[PDB]
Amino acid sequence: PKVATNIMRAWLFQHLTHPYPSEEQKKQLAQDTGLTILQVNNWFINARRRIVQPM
């Protein structure tokens, strides 16, 4: 699971100005992580919320 998380973190940091994977990108991320598309989407929702959450 560390590799799965690191796959998504790496994508996220490379796309900080638009941290919203397209449908095709979600599909590739699912393949790379071994997570479902649903899990990939939920991870990104939670990541974007974490970035903006108050100190």
Given for the second form:
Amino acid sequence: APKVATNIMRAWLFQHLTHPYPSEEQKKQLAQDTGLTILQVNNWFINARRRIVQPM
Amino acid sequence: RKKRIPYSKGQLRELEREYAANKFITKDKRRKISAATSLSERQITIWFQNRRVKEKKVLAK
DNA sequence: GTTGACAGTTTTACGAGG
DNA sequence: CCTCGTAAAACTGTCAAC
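Now show the form solved in complex with the DNA, given that the preceding structure was the form deposited without the DNA.
Full assembly next; the chain just shown is listed first.
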């Protein structure tokens, strides 16, 4: 948890498979509307890349 | 400073072919490889600097 | 099953100094 | 370029955990 958070950060990832990395300015905006810390977004994206992308 | 933007697994494949051939780069190949990989002539010049340290890291023991 | 998290180690990218 | 050291992004590697 939470849920919509995941649903937000999954939208950004599948939008760019090409360059699956945020700019620290973008992460700020993600942290700004998530409820999440900057650290959490980083951490999740770090996971999400090895969690999802590799087979793709 | 430039943000951390790591390299495609295909770009690191181009390097390490060259590094394994010669630990050092020619201004020719410093160009030739840069265009194919679309890396900056500056960046590719740094990669060997780091990659050189790595081989001293492997020193072991 | 996989989700979020972390210490520890690897990769990028400069700048001092010789 | 060139070690050498120093930032900071992003990778293992594993884990109780809810």
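Just so we're on the same page, rigid core means the largest C-alpha set that superposes within 1.5 Å between forms. Shifts are known only where both forms have a C-alpha. Positions refer to the first chain, counted from 1.
Here is what shifts between these two forms when you lay the two on the core: just one run of at least 3 residues, every Cα off by 2 Å or more, at 51-55.
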